[PDB]
Every structure is written in C-alpha cells, then in structure tokens.
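> Here is how the chains run, residue by residue.
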Amino acid sequence: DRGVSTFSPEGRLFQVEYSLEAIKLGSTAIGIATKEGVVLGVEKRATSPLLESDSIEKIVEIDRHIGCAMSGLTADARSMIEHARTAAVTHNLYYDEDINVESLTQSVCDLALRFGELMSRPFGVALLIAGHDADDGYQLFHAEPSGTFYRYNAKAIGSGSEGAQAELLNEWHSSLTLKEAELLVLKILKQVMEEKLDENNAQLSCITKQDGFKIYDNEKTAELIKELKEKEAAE
Amino acid sequence: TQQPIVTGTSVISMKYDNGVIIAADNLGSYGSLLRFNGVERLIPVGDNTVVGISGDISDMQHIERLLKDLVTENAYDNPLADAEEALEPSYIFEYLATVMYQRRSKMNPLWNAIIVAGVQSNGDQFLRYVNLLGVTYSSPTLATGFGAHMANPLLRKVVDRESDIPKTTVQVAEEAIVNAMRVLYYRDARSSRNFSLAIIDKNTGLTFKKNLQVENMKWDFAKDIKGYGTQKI
Amino acid sequence: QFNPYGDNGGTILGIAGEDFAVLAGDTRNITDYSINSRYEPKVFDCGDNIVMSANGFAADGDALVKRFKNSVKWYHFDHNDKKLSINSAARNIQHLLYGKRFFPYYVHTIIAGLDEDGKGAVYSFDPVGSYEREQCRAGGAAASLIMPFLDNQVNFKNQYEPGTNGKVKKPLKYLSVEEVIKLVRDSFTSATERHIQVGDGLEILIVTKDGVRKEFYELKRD
Amino acid sequence: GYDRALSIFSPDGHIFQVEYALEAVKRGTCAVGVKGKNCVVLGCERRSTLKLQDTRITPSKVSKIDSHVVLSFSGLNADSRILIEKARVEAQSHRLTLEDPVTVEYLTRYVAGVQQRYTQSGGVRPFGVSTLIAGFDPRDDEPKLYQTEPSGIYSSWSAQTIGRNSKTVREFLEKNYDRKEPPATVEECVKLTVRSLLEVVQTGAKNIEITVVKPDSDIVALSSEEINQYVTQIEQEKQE
Amino acid sequence: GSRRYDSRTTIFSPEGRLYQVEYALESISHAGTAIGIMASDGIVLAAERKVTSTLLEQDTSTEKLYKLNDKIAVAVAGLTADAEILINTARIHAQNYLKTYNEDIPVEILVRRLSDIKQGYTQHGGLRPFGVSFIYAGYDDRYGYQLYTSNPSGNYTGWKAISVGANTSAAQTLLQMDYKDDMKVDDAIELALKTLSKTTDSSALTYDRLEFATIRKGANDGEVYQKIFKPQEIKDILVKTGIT
Amino acid sequence: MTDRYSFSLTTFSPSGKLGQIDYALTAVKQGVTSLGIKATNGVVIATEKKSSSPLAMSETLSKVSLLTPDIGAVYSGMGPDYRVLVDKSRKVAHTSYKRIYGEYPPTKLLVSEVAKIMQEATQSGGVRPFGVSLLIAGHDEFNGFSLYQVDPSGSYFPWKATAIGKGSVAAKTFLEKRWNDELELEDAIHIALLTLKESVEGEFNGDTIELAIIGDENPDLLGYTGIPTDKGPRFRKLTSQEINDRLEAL
Amino acid sequence: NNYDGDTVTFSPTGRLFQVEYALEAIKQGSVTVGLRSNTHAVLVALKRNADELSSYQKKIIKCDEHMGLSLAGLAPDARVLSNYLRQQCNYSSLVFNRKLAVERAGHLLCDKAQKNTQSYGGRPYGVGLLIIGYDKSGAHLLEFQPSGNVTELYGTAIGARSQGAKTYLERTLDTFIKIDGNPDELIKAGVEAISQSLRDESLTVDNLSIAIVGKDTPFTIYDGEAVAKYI
Amino acid sequence: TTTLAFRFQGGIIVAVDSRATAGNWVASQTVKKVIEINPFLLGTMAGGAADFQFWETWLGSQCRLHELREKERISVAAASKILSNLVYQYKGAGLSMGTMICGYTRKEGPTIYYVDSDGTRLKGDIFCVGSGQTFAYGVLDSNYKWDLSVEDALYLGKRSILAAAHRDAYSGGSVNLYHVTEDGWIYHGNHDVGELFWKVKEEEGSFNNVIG
Ligand SMILES: *C(=O)[C@]1([C@@H](O)C(C)C)NC(=O)[C@H](C)[C@@H]1O
Ligand SMILES: [Mg+2]
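Residue numbers (our numbering), protein chains in the order written: chain A, 55 to 289; chain B, 13 to 245; chain C, 645 to 866; chain D, 2 to 241; chain E, 590 to 833; chain F, 109 to 358; chain G, -18 to 212; chain H, 18 to 229.
No lab work stands behind these hints, which were simulated from the structure alone. Among the clues, some could well be false.
[What the hints assert, rightly or not] Computed footprint of chain A on chain D; a stretch qualifies when at least three of its residues, placed anywhere within it, have a C-beta under 8 Å from a C-beta of chain A: (1) 45 to 52; (2) 78 to 86; (3) 117 to 123; (4) 168 to 175; (5) 230 to 239.
[Claimed, not checked] No farther apart than 25 Å at their CA atoms in a straight line, the calculated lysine-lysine pairs in the BS3-like style are these: (6) E:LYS829 - E:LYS816; (7) F:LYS216 - E:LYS656; (8) G:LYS8 - C:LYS726; (9) D:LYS65 - A:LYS98; (10) C:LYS713 - G:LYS80.
We put the CB at the ideal spot given by N, CA and C, even for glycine.
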C-alpha cells in the first residue's frame, strides 16, 4: 500500500492531514480565555434519546489548575488525558509545585507524532487545554495530532469550527468578564448545533485561580441558558 | 573489583610563574620485585599537556591508548585541530575524571592516581589530580602515593600559597622537584634512581626530559654507624 | 576488596537570616592524615539565587552538584526560563539522592537561598534524600562541635533573662548579616582549634535579593 | 514482530478497519439491555439455524465478569472471549489491590480501553465486538447499563440494543421506554425486554435468552419454560 | 520495503468478514467428512479417509482420529500437518492442568484453550490461520459425555450430533432426521456409518476408506474407555450394520 | 536491516487453495523419480543419479542419506532443500529424542519431526515451503519395518510401496501389480530396479542409480566389538558393484 | 511518481522524492533570516499566527549559553533536533568541560538527519534550521536542510519568500560583515533584510522575533516590546 | 522515635515526637514525623526518614491520580495497600519503614493501617511505633476509651509522647498533634517537651521522682 509516515508532494504528512478530517466530523467544543478565568464548553451530541447524556464526558480535569475539552474520535483522548494527568502529578512530585499550562500542553503534544511501523496511527482527536499558572496567568491552548499547539484568546474546534471562529473573531475583546464569556460560549454553541441547545445536550466548565477547575451542573448551566434567551430578546 | 599487579609509584608536580613542572620515576614494580626498569609514566598529549600516572600499569597503558585515541578523534572534521580547537589540559582532565568516576561507580575502577599538568590557551597554569575513586582536587603542588607525604612538604616551602607562584622561577621550581625525587629515592622502597621530568611553559612550550638520574647523594655518614646500640666495633 | 567510598573531611555551615542566607565552608581537602589542597572550593553558586554544598566524599559531592546544576539548566529549557524556587530545588535534590538509594551519594548536602516570599531559607539533606527546611545547620566533620554553639548563640537555647531566674526565656531577636558572619567565623575558628580536618581557609557565600556575594577568611594551617 | 499498521486513516477521515469491525457487529445475533427501577435485564438472540445443538455445554451469550457484573455482546464470538477473560482478570486484580469490587463504569472503561488500544496498535485488528455491560456497584442499589464498541467509545444507557436488526428494536424501545417511570418490577422489565426481541427474533421458543441481574450479587438466568410464559402472555394480549 | 508483499491475513472485508478464515473454511469443505454422534452411554467418532490407495499401509496409518488424553479424542478435517501442531499443544495443556490440579482436564476447558489459540492467529501476528476443524469427543465428571467443534475462526460450539469437512449440509440434514435423545452407542454407530455411506463421494464405503472410534463407559465399572478401531474391526462393524 | 518479513508468504486463496504449497508440489513433480518398496524382512529406497555434467563426480552428491543407523531417506524435487532438511533431521533425532531417551527415535516419530519443520515453513513469517517430497524408510524394535512419504505441506502417509516425482503415476501402477505381502527383501530390490528402469532415459547401471536398504543388522559396519546388544546399523547403501550384479539377473 | 512511496527508494534519475517533499514543507513555512559579523551573530524570524485570536508561533530555540537556532517547517521536528543539540552541547560541557563548536554541531545534525533518509519505516525531518553561535573561533552561522546538507554562511534566509532577503544580504555582504562591536546596527540590518520578504503584512510588535549571540553576549531571545525599538 | 495513632469517637488522634539521632548524636530536634499525604490522609515516620518522606509523598501522588481517574476520594484501605504493595516489591533490599496510614472516609469511618517494610499491613484501633513505643503504650492502654472527648483524646496522645520522650533517649524535642475528622485533619500545634514537661509535672502532679 504505502507508508504511514509518508510525506505528500505538498510537504504534509498524509495521516496527520487525514486525522484532521476526522476532527472536523467531531462534535463542537469552544474555549474562551479572559482575565477573570477561562471557559470551556462542548456539544454532547447523543446518538439516541435512550443514551443517558450525563455519561458523555467530553470535558475532563487534568489537575486542579488545568482543564481539558475534546473533539473528534474521543476514545483516542483517554490515553492523552492519562498521560497529561500523570505528567502534571509527576512534576508536582519532582518539584513541589504546579506545572505550567504550556509545559503540560507540550508534554501532551510530544505523543502526537510518535507513530510509525510506538502506536500505529496519529490521534484522531483535538484538545482544548485551558488552565492557570502564576507566570503567564489564564491560558487556552489548542493541541492537534500534528504535534503543534497554538495559544488562543478564544478557539472553536469540531464540525461548527470555522463558523464559530468567525463569530469569536467579532465578539472577543480583552475586557471580557467571566459571566460574559459563559453566555458567549452558549450563544455560539446554540448557533452551530444541529439540535436545540439545552442543559442536557450541552455542557459548560471553567477554571479560575481561586476555585480551580469546575464542571458546571446542569442546573447552573440551565440558568445561564435562560439568562441568554432574555438578553437576546432584549434587542 | 581487582587488585593492582604491576605498579608505578609517586608522581610529583608544582606550578611556577610561567607554567608547570611534573615528574615520575621509570619503575614498574611487581610487589616487592622491582621488575621493569624502563617504564615511561609521563604521557604527553599535544604540545600543551602532560598526564602523569601512578598505580596499576596495565590500566595506565589503557589510559594511554584512550588519550592517543582522543587526539585522533579531535582531529576529525576539525580544520582548527592544531590551533583554536586543539585539546586543552582542562578538556583532557575532565574526560579522564569522568571515566575514573564512572568506572568506580560500576565497581570496576582504573586502579590509578593521575595528575594532569599543562598550560591553557590564555597562558593559565593547569594542575589537577584525579584517582581510582574519581576524587579530584587542585593545588599549587600536587603529588601521589609517597610523594604526597614527602614531596609536598618540600614543594610547599617554595610555593606555600597562590601568591607565591609569580615569585617562583622555573630554575627554583625544577631544583625543588629534583631534590624531592632524591628524597623519595632515599625513603621509598618501591622507587628507582632513573626518572623523567616534564616542563610545560607558556613561552618556551613543552620540554620533555628523559633518562634523568638522582645525583649528589649523601651516604658517607653510613661508615660511622655501627651496631644497633651498645656495639662499638 | 575495593572500597568505592572515601572521606575528604571538611565542614560546612548554613544559616538563614530574615531577608538573607549564608552558606559557609572551609577550603581544606584531606585524605587520612594528609592535606590534598588548602584551597578547594566546596560551596557553589548553582544559579537562580541558590547556593549548594555537598560535604563528605568529594567525588559524590562533585557529582551531585554537577547533576543539580544540570537540573537547573534543563528546568529553564523545559519550563520557559522559569526561576527554580528554593523549595522546588530541595524536592528535586531529594529525587537525585534517592535515585541512588541502594548505592548512596556519601554526602551531607546543604542548600541556601531565599524562598518565594523573599525570606531567608536553608535546607538540609541526609545521604539518601530525606530533607527539611531549617533555620540553622552545620554539616560534616566538625558538625558536632558547631551545632551546640549555634543552638545557644542563634536560637538562644538554655538562655533566660536575668532577675527572672528560669521563668522568662531570652527573646528570639533577629540577627543581621554582619552578626551572622561573626558567628560563622567564630564557629570555624573554634572548630579549627579542636578538629584536625578543619583549617586553611573559610569561604562564605551570602545570598540576598541583590544576588550572590562571596567573602573569604584565613584559617590556621596546622 | 509483526508491526503492520492495519488500522489507519483514509482521505475522508475514516478508519475503515474500525468501521468494518462494526459491520461484524451488525452481522452478530441481536442483544438487548433494559434497566428497571431496581434491576437490569439482558436479552439475547439465539439463531435457530443451528439445531441438534447441546444447550447445556454450548457457550452462553451472557457472561459473568464478577458476582455482581455481567457482559453480553454482539459480533465475533471468538473475539468476545478475549475481552471477557481480560475483564474477569481485571475484576480480581481490582479486588486484590483496592480491596473493593469494580464499579460497572470502571469495568466498562477498562474493556473500552482494551478495544481502543487495538485500534491504534501495530500488527493487530480491532475487536469485531460491541458489548453490553450491566450490574450494580458495591453497596449500591442504582442499576447500571453501559455499552461499548470497537472504536473504544462507551456510554451509559437507560435501554439499548446491539447486533442484527438492532435498528428495529431500538425503534421499539425509544417509543415504549419512559424515563420518568421505568419498569418498576422484575416482571415489567423482563416483559419489555422479551417484547422488544419479539419484534425481530422469529419464533419465541429457544431463540430468546433472558438474564436478570439484581442488587447485591443476585444474578439468575431464566429457563425455557419461564421465558415461554412471557411469550404466551404477550401474544395473547396482542390479539385484540 | 517489505510492506509491498504483505497479504494482511488479519483484516476485515468491507462486509465485516475475515478473508482468511472464510477461505480456510472453503479449504476444509474439500476435506474428508468427519462425523461425531453423542449418545447417553457413549460417543461415536466416524471419519472418511480421502481417496486412498491399495498400497497405503492402513493399520499403522492415522490421518483423522487422534487421542488427546485417556478421556478426550478429536476428529480432524483439513490440513493434517496443521492439526498435529494444535494436537500436541492440546496434549500438553491437558498434562499441565493434570500436574497443577491433580485432576483430568474438563473437556470444555481444553476446547476453549485450543479455540483461543486459533482466534489469536485471526487477530494478530500477520500469519495465516490454521486450516483445521476439530470434532472434540470427550468425557468428564461434570457434564459427562460432550461433543464440540472448533473452526479456524476460533469459535466453538457444543453438539448432540455434528459433521465437519465435505458435504456437511447433506450430512447434517440426515443426522437431524434420524437422531433421537434416548439413542444408544450401538445405534449411533449405525447412524454414523449410514450417514457417511450416503454423503460419500466414493462409489462404495469400505473398511479401508474409514477411521472409527468410540468413547464408552462400557468399561469394567465406573470408568471410561477409548477404542480406536482396527481395520479388521471396522470391516466387522460394516458387515454387522449391513453396509457391505 | 532486520527480517521485516514477519508475515506469512503462504496464504489461502478464495478457492481455499494454499498456492505456495501447490506450487511446491509442482516443483516436486518436475523432480527426478524416486521410489520405496517395503518387504517382510526389509525396506528398499531408490532413485536415479541425474548427473548435471559428466565432469561432475556423482558419487559426491548423495541423494540417499542416512538419518539414523536404522533410518534412511530419499527425495524428489529441489536438492538443496533436501540437503538442509537432512541436516535438521539428523540434529532433531538427537536433540529431541536421543539426548532424552538414550536411544534413536522410531521411524514414525522422526518423520513426525521432519513434517513439523516442513509445516512451519508453510506458516511462519518470511519463508516459502520446502520444494521437496521425502520418502523415509526405517526400522525400530516395536514397529518393525516401515516406509513414509512426506510432502511440502507437512502431511505424511505410510506406504507399502510408492513413488514420487517425474514418472510417479506410471511407477505407482507398476508397483500395484507386482507388490504382495509375502515379498522378501531381494524380491523388493528386483522390483525396485524394474520399476526404476521405466523412468530412466539414458544409462542404467550402478553408477547412475542410487539404492539403499533397511534390512538386517550389520555388525561389520558397527566399528567396534564387545557389547552384545549393539549389533550394528540396519541401514546399508548398496555399492555400484552390488547393483550391477542384480542387473544381470533382471 | 512510482518512486515516492518511501524514503528507501531512488528514482530512475537518482532522486529521493520523500526528501524533496520534506524540503517542500520548509518553503511553506514562515520566513526567517540569519546573518553575522566578526563579533556577533543574529537571528531574525517572522512569526506566523493561525488567526487574530491565536498567538504567534515561536520560531527561535536556545540550545546553550553560546548557541541557538531558528526554525522553518514542522515545529515538532525542530523540537526533536533542538533537543538533540541541547544534549550534545551538554555532553561536551559535562564530559570535556568544553563548549561545543558550532561547526561540530552542524556535523551532528547532518548525521542524525541522514539516518532517517536511508532506512525503511522512518521519514525525513520536515524542517529547516538556521543555527547561530559564538565559540572559540568567533561568530558562526549555519543552514541545516533535512536532506542532511549543512552549510556555513555569512548570511542566509529560509522559508516562504526567502529569496528576497537572501538577495539583499548578497548585496549588503560587505557592509554588515564589518558591523563589529555594535549589536543594534547588526540587528537593524537583519530587520531590513527580512523586510524584503514581506508582502501585504508588515512587522508588528508581536509579529517580530529577534535573537543574538556574541563575544560578551549570551544567546538571548527578544520578543514583544523588546523588539519595538527595531520596528 | 515515638509515634502513635488511635481511633476514637471523634475520629483519630495522631501524635509524634520530633527527635532525630545518628547514634548518640542528636541530629535534629525539629523533625516532622507526620506527612500530610493530602487534606484527608496522614502518615507517620518511624525507621528510615528518607524512605518515609519519599514513598509517602509518592503515595500522595498516587492518591491524587486515583481521585482524578475515579472521581472519588481514595479509601484508607486502598491508600495503605498501595504503599504496602510497593514496599513488598522492595522487600530484602533494605527499606526501613514503620508507619500508620490514618484517614476518615464515609464508607470506612475513622481507619488506621499499620504498614511495615517487611510487607505487614494491619488494620487496628491503637498503634505505637518507635524506640519509645512501649512507654507510649503504657499510658494509652491504661487511659484509652472509645468515648473520649476531642480535648481529652488530644491530651492523652500528647501525654503519651511525653512519657516516652522522658524515658527513651532517642525520643524528644517536641510533640506534634493532629486530629483527623471526616472533613480532613486539623493541626493542633508544636509543643516543646522542655516546657511541656514542667507544665505537666506541676498541673498533673506526675513525675514526683524528678526534682523541679
Ligand atoms: C526514629 O524512628 C528514628 C529517627 O531518627 C528518624 C528521624 C525517624 N529513626 C532511627 O533510626 C532512629 C533510631 C530514631 O529512633
Ligand atoms: Mg586544624
């Protein structure tokens, strides 16, 4: 057939480019970074009404100061999360301190290109890694299966990514509050989702310096959805 | 873990105003048997370094081959091998020191005590010690084995501290070394009269002296000594 | 049988001030009854406003210091030139030491510097990695001669206030850098008199917010 | 060793070997899982093309992983044995180290992890098996029902079906299963499970297997006559 | 590199089938028919040797029926060489179990072990599967008399009566017709031979074209005896049942 | 480097055929005719010494090989494959039997070990099957005299008499008419020579024919005396002269 | 065509297409400039962003106190190669108490990239590197290609539109080589050089990335408002 | 070394001394023999100081990974067994450890596990480990009841260390007190034995043999 680590004539790795197509098919995940915190939100996308939606875990804790949201072949993310958690805890063991968000992201991205003929193929999942440290403050990173990671003020990944990113282009500014960011994620998720957005088919989370990483209750998110509807009807 | 078989005794050395001097006798002992009388224990590396080795001779010959191999390797893909990127005394020492400590850490040591004497690029004197344990230290005077006990005291009367180095000429320094070698011949039971001496000067370069002998020895007073106490005849 | 360990003698002393820290050590290096060197530096600046000394078997002491300096370098590479805090350095050294738990670095390690609040800090290690933050610690050959003196003159142990007769302790007033250096010098002068492996020279490294400063003093050479 | 990357991406972003493993599950006999208020029931289809079979010794479709958890499947029979064995070993290993039996979610996560590992390991193909894992956590009376598939994704279900004609029985369950009020008793839950299989099975004779799991390691498999009574009652009510 | 020449033996078709397993089964369908029939007082194993010669030394020959231990035997359908590799592995597992627990291995445990080995060759290693289908005839004190079959996929099932190899469709229909649960060994012997006699591709069924065996409790008191039939004994049972 | 061919080169085709084994049998068919006949008091194996060049010394090329003192082998097909199999067969007779039981293996078990080696080349990674069919004749105390055929697949069958290679179909027919259960060894040798003459085109004599027997114990070939139980090898390769003597009474 | 399936296959004209495709990844990468005088060596790199919300991808990596490089192409491959350099620089210091020569650093990179082009299974590195350094023979600038070819130069540029900056340096050769004991003027020349490779976009405060090493100057990177001086 | 820990109505009391000795030489009077594994778990130091610090800090890392993966607080049984299984792998190598893994969970209640470098793992109500263990046991056994108050339990643990500190040459310096509840441990201060001895002597009337 052909090699797994083969270059295309354009100078790209076939398998990496193909894994990006799998991520486009995945459910939407959005992250917004502010000076009061970073917000992470996801589309759950249950394949059937009998599926208990609360068991869909597409937002995940790495450490108290680092959270993570995923999009694509979510099964592939489990070993990435495992490595991330281990890397975070291991660094705390060696250095008696929290690990920098960038350093954690870099550790995860080192796995990405360890494939050949090591694992047999690249990861089919993208990650939004959000967190806080004392050096660089609140941060949001986008970790791809290419091994590359970009820092973002705001970022959307998944099926409604390019539409959501264009919306994040206009809406984001440097003086956003945490509450403003929460509503903004819900607004854009609702825009790109097939089904109607509610507290059962969408999930919110955030990371603050004081309280650390927290996944939002369905009751808490429901209020933010109701607050959104009213403010959109206000004009 | 082994035991040393064929052994070499004291290596002695000191700094002077423009460089360093190092010396060692030409004997390879086999226990109490003075087996081999033509053994060179000062091994020059380039024109700026001399490595003096004591202890096990088979391990010395191994170290000698490593240094020979080091010069070859430094020349590979190196247009400045005989200029800016030539081997320094500090490079050669650190290499040996690494090897000695690694070998002791595998419980299979090179059974030696080594003194690397030389002059650096900037004219600075280099003189540092390393042994089978990987222990390292530097001093205006350095000596191994019996030399540590008998040579250092004499050499320290010339250069007692750092500030005495510029005040010490090459003639005074060489005189002290040669006298020390005589004292070691009087008192070390595993030493020989024949020895080699090396001077590394920042101006005149490397001067390697072979086939030196201990001379001007005092023995005449022995004729008067009789018995072990009461005996008169 | 081959014995991979040796004793190079020497003595070191770390004292933590209010907004400073000192790590001192004699410059004599020995084996048995012979002097190897009268000036062989034992306390080292390791960067990031940390000073370190690994007293005992000098080969293991040099190996450890070398590996820690190396750890500081790679900490900068791996974590965006972040400053290695003294508490983080201490934990890192534990893992270096315990890594050779069953063939130990035969040294008593001490590091000194400033904590993240700017206060003076000294950490003390055993050969196999057990460590602890301390206000005062002498290590090495003459440690048994120095520590009791420091308990008395730094922490005012067994000292009470005149007139009260054992009822009121002497208050733990803070010592200046000039006052600490006096106690360090007298500790080493006294140790030199009564311990054969201590002498030749004293080298002190003082750590403040401004950086690392050095001071050298002569000791008796007998 | 054999290192060939069998599971790989295609231009459209699909891993065909994982997708073809799902087609093997589609071929497999139907399996259904329904959780009530205080129980879970696992229904399984037995194709009647094979008669002259010895039902005493023939491998049963539902397998105990521990005394409190069970596993049924659809797809390749030989592949399922490997997952069941690994799961059984991990269940005892968990008891040995944590001094507590596995939760149903943990056991599911482990099996799903094994399945995932085979989708990006060299020299191996994915498992041609989807599983339904059911039971009750230690000292807990809340019913648990999870599903896994070759890709390695897993999730919890109020009720679910897998295998051939699973589309039809899922259609049935979606209209007949109420979340606000699930099957209150064992009878109601078993009845709904048999009903859902009768949409697909053909004959209600020896073609239906039922296994009821209750809290505190109370697992029992229904016999032919017991199931036949449910089949009789369902069709008699239907004649109206 | 080497990738160019790799057949990829362990992959799925678009339909979700294992190519090599399916083709191995096609190979087995051309092999000599083997039949197992389980009765209340024993088990019968009958099998047809493939187009033999008059110069073949029959009395010392063994291509179909093999002994795994004193309690368990197998009938082979497919590549004889492949079967012997597996047979020797099975013989060892039985002895390992006997050494460990000091009890004869239960039939199913032995069958599962061999079936798991076959499974491994379909999921990993990049090697071709074993082109063999077994009929396991055995006895233990838990389930009593048992018949199993395993195929290259690694899947195994239990049976009252079963055929493997050539003309299984025709053979299985004939067995399904005349088999009953209260049947005895002597009756099962007759059924096995009658079934082969009708499904055979040969002109007539003779003693030299057959291998035969029975596992009976027909041994002195509570114990089990394996009887691998000799050429003369197969000739006698053919006359007795009225086939020749 | 590394042997990166860790996958099977022999696989099932849609029709259920194992191609490489079939093709190996085709290579055996092209090979020179060899045969074996079993008598009441012995076994004979024979083949034609097809000399590649008259300058070549055909005595150095041994088509008939001793495996044990009581077991011999002959082949049809690829000679080099045969040579290595004989080396492995001799070694395995020691490692997996003689060094354990202190005696040489019986014919059937040695054959079984050879078959195993040939089966593995039919399934293992990065190898083709052996392109030979072996005829192994032998004797042992409890089984008596025996003759076995071994194919590239690893399958083996016992024979009263048989032939393999070029003219096997015609040769087997000839053997069916002549063979009976009351044959003496000399009678089997006579029949072997008659059968082999049909498949040979050119010269037919002791120098162009290789023939060996498994018969009575040969104490003269043992190499030592003093142990009554050691009576010598039953394998004996017939000389050029011994063959020609029987060709006169042909 | 038929000879580009893997790195182990020569074409009929004697070409290695997988290596050439890896070379193509560098041309797609953002522009970076390298130049030196007798006292100092400078790296100037145009960082690329994904969009307006994203950060600008870092282009320059430090390898030692006296050595570092700028990248263009697959950033993860640069991380692997820079990590290898860090180790080799570090091995030289620990074992020989010797700073690694810049020329010898290039030789090591060449040999590491080569092994990936001759063996089956692996792939060539998809990145180009510009290594600057100051060692015992003064200032140095190297250009690394993943074919294995390493070249010592006065100045150069790699990445998209790099030909414009490379021509400028070829004209300015005689001027910028003489900029001794003046780091600011040498950087100015580097910033003016990389400006020849710009179209549409211009050098902003978080766009530009500069690094310098010299006689009494450790390898230091300048980003953010630290490079506003040179805009 | 004197360390104790006992279960009671109000949870667990943990009490330790502070002395470290190398032969007759008192290396430190301010050693921390209670490791704060996490906000709900505690561990004690006896035998090897490094072995305790290293492996129980490591234990805290394993407990953190457990609750990240399982979304649930680790049990005291599971935490203790992780440590005991670890040291058992090292059995023979020369690890030196004697510790009480102390915790308070919902499913277990207050639990204490004695863990040993010989691989021993024992659940129990009262444990004393160290060179001065026999002295502490005497005070504990004669005064212990399940229905002790938090105030009286804290004092009993303090007094039992004092008893050992006095008699055992290798114990002393100061007393560290902890009180373990379901919502976590609570530190109850460092108490110098020098000052505590005289305070206790006067207020309690004990140590009449000693002149004060
Ligand atoms: C206590 O166990 C002890 C303390 O020094 C350490 C600090 C825990 N360990 C010992 O080995 C000696 C004997 C002390 O009792
Ligand atoms: Mg003194």
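> Is the listed coverage of the segment 230 to 239 of chain D by chain A valid when you require three or more residues with a beta carbon under 8 Å from a beta carbon of that chain?
Contact hint for the segment 230 to 239 of chain D vs chain A: violated, 0 residues under 8 Å.
> Quick one, are D:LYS65 and A:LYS98 close enough, alpha carbons at most 25 Å?
violated (32 Å)
> Quickly compare the C-alpha distance for E:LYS829 and E:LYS816 to 25 Å and report which way the hint goes.
holds (18 Å)
> Are G:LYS8 and C:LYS726 close enough, with their CA atoms no more than 25 Å apart?
Violated, at about 33 Å.
> Under 8 Å between beta-carbons, do enough residues of the segment 168 to 175 of chain D, three at least, approach chain A for the coverage claim to hold?
It holds, with 3 qualifying residues against the three required.
> With a Cβ-Cβ cutoff of 8 Å, does the segment 45 to 52 of chain D contain at least three residues near chain A?
This one is violated; 0 residues, fewer than the three required, reach chain A with a Cβ under 8 Å.
> Three or more residues of the segment 117 to 123 of chain D near chain A by CB distance under 8 Å?
With 5 residues in contact (Cβ-Cβ under 8 Å with chain A), the coverage given for the segment 117 to 123 of chain D holds.
> Would you mind confirming whether the straight-line C-alpha gap from C:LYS713 to G:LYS80 stays at or under 25 Å?
The hint holds at about 16 Å.
> Mind checking the alpha carbons of F:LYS216 and E:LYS656 for me, to see if they're no more than 25 Å apart?
Holds - the C-alpha atoms of E:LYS656 and F:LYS216 are around 16 Å apart, at most 25 Å.
> Examine the segment 78 to 86 of chain D for residues whose CB is less than 8 Å from any CB of chain A, and state whether their number is three or more.
violated (count 0)
Violated hints for the displayed structure, listed by number in ascending order: 1, 2, 5, 8 and 9.
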